[PDB]
Amino acid sequence: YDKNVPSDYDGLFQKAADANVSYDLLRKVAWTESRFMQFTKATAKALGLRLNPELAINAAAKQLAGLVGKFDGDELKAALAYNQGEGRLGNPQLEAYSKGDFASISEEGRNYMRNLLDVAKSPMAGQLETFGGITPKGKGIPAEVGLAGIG
Amino acid sequence: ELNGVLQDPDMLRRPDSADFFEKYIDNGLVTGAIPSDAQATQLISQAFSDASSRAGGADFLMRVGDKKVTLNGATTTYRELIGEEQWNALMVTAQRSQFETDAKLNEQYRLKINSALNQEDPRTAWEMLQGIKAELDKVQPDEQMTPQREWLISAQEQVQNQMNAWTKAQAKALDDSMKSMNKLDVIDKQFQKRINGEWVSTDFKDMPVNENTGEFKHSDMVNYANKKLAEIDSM
Amino acid sequence: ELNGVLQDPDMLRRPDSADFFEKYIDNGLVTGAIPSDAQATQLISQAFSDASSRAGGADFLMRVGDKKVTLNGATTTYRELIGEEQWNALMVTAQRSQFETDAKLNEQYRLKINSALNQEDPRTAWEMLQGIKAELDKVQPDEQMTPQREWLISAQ
Amino acid sequence: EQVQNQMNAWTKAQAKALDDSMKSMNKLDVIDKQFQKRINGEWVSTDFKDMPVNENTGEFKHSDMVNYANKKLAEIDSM
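Residue numbers (the deposited numbering), protein chains in the order written: chain K, 4 to 23, 25 to 40, 54 to 66, 76 to 177; chain A, 201 to 435; chain F, 201 to 356; chain B, 357 to 435.
Watch out, some of these pointers could steer you wrong.
The calculated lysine-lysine pairs, modelled on DSSO-like cross-linking and capped at a C-alpha distance of 30 Å, are [as the list claims (entries may be wrong)]:
#1 K:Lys147 x K:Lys125
#2 K:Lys6 x F:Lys304
#3 F:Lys304 x A:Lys338
#4 K:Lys103 x F:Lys267
#5 B:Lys372 x K:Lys58
#6 K:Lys58 x K:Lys6
#7 A:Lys417 x B:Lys389
#8 K:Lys163 x F:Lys304
#9 A:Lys379 x B:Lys368
#10 K:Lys163 x A:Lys267
#11 A:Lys372 x K:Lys58
#12 A:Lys427 x B:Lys368
#13 K:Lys165 x F:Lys338
#14 A:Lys379 x B:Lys428
#15 B:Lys372 x A:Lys372
#16 B:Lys427 x A:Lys379
#17 A:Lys368 x B:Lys393
#18 K:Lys6 x A:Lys372
#19 A:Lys379 x A:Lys427
#20 B:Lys372 x A:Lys428
#21 A:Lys405 x K:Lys58
#22 A:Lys405 x B:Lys427
#23 K:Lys165 x A:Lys267
Honestly, the hints are just simulated from the structure, not real lab data.
Construct the entire structure; sequences and hints are all you get.
What follows is the structure in structure tokens.
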């Protein structure tokens, strides 16, 4: 449903935003929320500090910098902390993610990670990529590769 | 004597009970406790049917089907005493027996499945279904086609059929809100052709209509009228 | 000793394992390793049930059912030791066993089928269905009526 | 697992009943806002056929002003 071949203003901007994380991730984090950073929460705009690509991608690049820096080796943990903040809701999940207890993270954090690990790199990548296979040797199908053509 | 460490449904799934069974059969065949190879076979085929029809048995069986035993002079692996086909049947039975020996597991999984087919968002049913497929791999660790792995298959291929309708109901909701934007765009174009010096009416009953707009109601001008004034105020 | 080159589910579909089985049975009957023709028959009927209930077995069977073997003085082809009807049942089983021995194949094919019945354009579901009928011919190479060839028929 | 399937429909029929009674409150709120923009000295019509419409309100009927008219008088009487 997505590719890295088509280039637009997005790829034109994240080339420097990643220099001020990863261009491959920052191109993908924005795509999933706003097709081609969509900080929809009013508090996320008051805390992150709108609809201008000069700072929106610059806001995501700053958060994803610290989120991918708070552990420096867990980029899937970073993408999770992005759409699941560390206050009163993400703390029970993020402490349950490192222990490999993906059955107790969220219905939205898993669906988010499962869509972005194809371009992101984590040590728990191959452990979530097979989190829910039909057989323990199987691979659980994420939401938008089993629901691909339905539309 | 096998019901000492092969009945406690938590003492099967341990990884030593496989070694206990291998050592039992071996030291019984060697030290005369099990005299006849026509009798160690009955002990195998009765301990496997005790451990298959019992919660915790699928992984004990999958662990023991790789240990070596020597019967009738020919040495082999327990997956090969019993045939390949018969071992497949055995593991299927050992996985699906812990769902009709206790009805709490059957109740629980069926209710999670069904309350996962009734979530409003079809994309948020799929992670529930991966959750179920993750709590099945803790009770059935072999890749055979147990009937619970048929619940999950029908659930997934039911959620796809649900999304085929939910997407139709979302496209019919972006059809009635792109109409109500087409109408404001055409009304603006009419006002602009009238302002720049061209003689075309601007009553709502005289706009053009092309199946992207529909018939113009009165409230599709009020909406426009309060939206040019709103935009002109913001300049 | 047959589980050395007839169990690895990629070593069955090779085109030499048929020759390995033919040479095993022949040189066992000739060089006394397999003494009795009432025992080479049991080796046949157990190696075929090992190779039929195992991923990769349908094409090994379809390859071996044309090799020559001599039992009870009468020389024949393995499709004719076992009857015609029994060979049909055997190949049906050997094709449909690799879809209930692993549930990954069953899951995958059923989901592609169902996500092919839910495409909006009915003309673009048909090429998806020819795709499925093209990835079934890689696991079931004989023309019997396996239940997966019933999925595809109901899908069309 | 049949009662769950029944509640999936009963909840849909309760959300369609809080959709037609939140519309009929949106309309009174927007009519009040129109009267208040007209009172505080601004030139916007207050006929029911000239309110704004945004799919949270629908088209305004006449009886959605009668209802409002008997409800300001009812509120002003209670002060």
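Verification of the hints:
1. K:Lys147 x K:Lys125: holds, 18 Å
2. K:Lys6 x F:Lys304: The given pair, whose Cα atoms are some 26 Å apart, holds under the 30 Å limit.
3. F:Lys304 x A:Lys338: holds, 17 Å
4. K:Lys103 x F:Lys267: Measuring from Cα to Cα gives roughly 59 Å; hence the hint is violated.
5. B:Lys372 x K:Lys58: Distance ~27 Å between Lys372 of chain B and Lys58 of chain K Cα, so the pair holds.
6. K:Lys58 x K:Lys6: At roughly 27 Å apart (the allowed maximum being 30 Å), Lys6 of chain K and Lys58 of chain K satisfy the hint.
7. A:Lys417 x B:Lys389: Given pair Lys417 of chain A, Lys389 of chain B holds - Cα atoms ~23 Å apart, limit 30 Å.
8. K:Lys163 x F:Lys304: holds, 9 Å
9. A:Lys379 x B:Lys368: Distance ~26 Å between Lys379 of chain A and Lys368 of chain B Cα, so the pair holds.
10. K:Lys163 x A:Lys267: OK: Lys163 of chain K and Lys267 of chain A at ~21 Å, within 30 Å.
11. A:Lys372 x K:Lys58: holds, 27 Å
12. A:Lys427 x B:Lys368: violated, 34 Å
13. K:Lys165 x F:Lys338: holds, 22 Å
14. A:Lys379 x B:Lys428: This hinted pair is violated, its Cα atoms lying about 36 Å apart.
15. B:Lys372 x A:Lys372: Measuring from Cα to Cα gives roughly 17 Å; hence the hint holds.
16. B:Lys427 x A:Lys379: Roughly 35 Å separates the two Cα atoms, so the pair is violated.
17. A:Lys368 x B:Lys393: violated, 41 Å
18. K:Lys6 x A:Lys372: holds, 28 Å
19. A:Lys379 x A:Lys427: holds, 17 Å
20. B:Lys372 x A:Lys428: Measuring from Cα to Cα gives roughly 33 Å; hence the hint is violated.
21. A:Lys405 x K:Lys58: Answer violated: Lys405 of chain A to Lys58 of chain K is near 41 Å, above 30 Å.
22. A:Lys405 x B:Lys427: Violated, at about 35 Å.
23. K:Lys165 x A:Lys267: Satisfied, since the Cα-Cα distance of roughly 28 Å is no more than 30 Å.
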